[PDB]
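Before any questions on binding or motion, here is one chain by itself as structure tokens, the form deposited in one PDB entry.
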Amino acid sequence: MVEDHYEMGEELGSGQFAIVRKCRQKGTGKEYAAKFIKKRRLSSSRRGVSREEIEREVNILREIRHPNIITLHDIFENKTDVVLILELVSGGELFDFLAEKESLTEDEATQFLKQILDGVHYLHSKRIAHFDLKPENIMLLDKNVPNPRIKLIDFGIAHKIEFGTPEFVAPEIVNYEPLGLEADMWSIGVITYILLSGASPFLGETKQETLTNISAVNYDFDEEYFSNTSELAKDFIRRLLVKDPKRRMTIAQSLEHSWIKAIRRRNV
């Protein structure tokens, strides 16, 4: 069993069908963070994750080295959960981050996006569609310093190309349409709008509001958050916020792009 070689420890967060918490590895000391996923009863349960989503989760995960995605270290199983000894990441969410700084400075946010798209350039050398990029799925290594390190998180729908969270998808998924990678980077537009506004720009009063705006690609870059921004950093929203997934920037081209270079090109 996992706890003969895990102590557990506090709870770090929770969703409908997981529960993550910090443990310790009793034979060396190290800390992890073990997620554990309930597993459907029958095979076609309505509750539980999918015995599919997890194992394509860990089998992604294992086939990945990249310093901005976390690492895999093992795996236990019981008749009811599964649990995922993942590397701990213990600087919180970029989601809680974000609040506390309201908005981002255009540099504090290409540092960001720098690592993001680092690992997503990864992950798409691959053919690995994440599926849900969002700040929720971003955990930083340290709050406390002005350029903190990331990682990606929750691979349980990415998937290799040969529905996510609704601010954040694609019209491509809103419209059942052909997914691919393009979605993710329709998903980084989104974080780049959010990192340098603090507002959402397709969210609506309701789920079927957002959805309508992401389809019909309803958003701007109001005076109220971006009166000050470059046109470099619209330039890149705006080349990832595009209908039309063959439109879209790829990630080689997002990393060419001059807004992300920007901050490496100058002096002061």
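Positions refer to the first chain, counted from 1. Each form is matched to the other, and the largest set of C-alpha atoms that superpose within 1.5 Å is called the rigid core. Compared with the form deposited in another entry:
When both forms sit on the same rigid core, the CA shifts between these two forms reach 2 angstroms or more only at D96 out of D118, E87, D74, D96.
The Cα position of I173 differs by 2 Å or more between these two forms after fitting on the rigid core.
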Second form
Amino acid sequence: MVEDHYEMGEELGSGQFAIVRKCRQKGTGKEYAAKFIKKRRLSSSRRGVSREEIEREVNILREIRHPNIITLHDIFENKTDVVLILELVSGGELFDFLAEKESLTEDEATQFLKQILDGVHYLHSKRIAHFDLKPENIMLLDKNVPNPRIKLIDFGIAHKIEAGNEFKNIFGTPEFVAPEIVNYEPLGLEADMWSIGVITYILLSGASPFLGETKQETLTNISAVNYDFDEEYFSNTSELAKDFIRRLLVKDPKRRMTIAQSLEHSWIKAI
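Compare with the form deposited in one PDB entry: the form deposited in another entry:
For this one, just the chain is written down, with no partner chains and no other molecules.
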């Protein structure tokens, strides 16, 4: 029982069938975030989260030990919930911190981007695709210190990306498989690299590159790679910054820069 081991406090937030509360561990006094994930009862139900999806997330969280990523401290389960005891991240969203400023220079921005890249480099080294990198999932540990530390959060749709042959072997031979299996192109780590390109674009310019009037229009823009570097937004942005973004916002995932290439890019190597 979690309440026997942690003193539960205020609600901090809520997401997909989950409620996050602040807590404090009895005995140590250390503070954490307790994420209560509502379990799905019957497999036919669309409420809660299936046990297998909870496990997928927990298995990924268990592996993580990097300063730019949230960590898992403990786990409990009661009748209705799986309770993850996570690192407490209190500094808010990176972009909300940046909002307190009157302006932001390209060099100030790249300080933070390097941290995001370092976190993603760690994840990708373990074959973990986050799949929902966006500003809301880029938090700060503490926003009042001189050099705030980025924390990537929310592994709710993260997956480990198996080697390509691990898929094919499961069928024994291809004799009975359909064409959509033969031609199956799995989602991979490249998707996160795209997201990084979008994050960089907005971090530097304040503009969202693909946002349309409706979600459907945004999706059309993404699929067409319909963006530009208009001077109203990019007149104080370097050419190397634009090159970095261009090499990420590539439709073909196989032609996009990888995280290693991103870190070797001259724009990033310069600091």
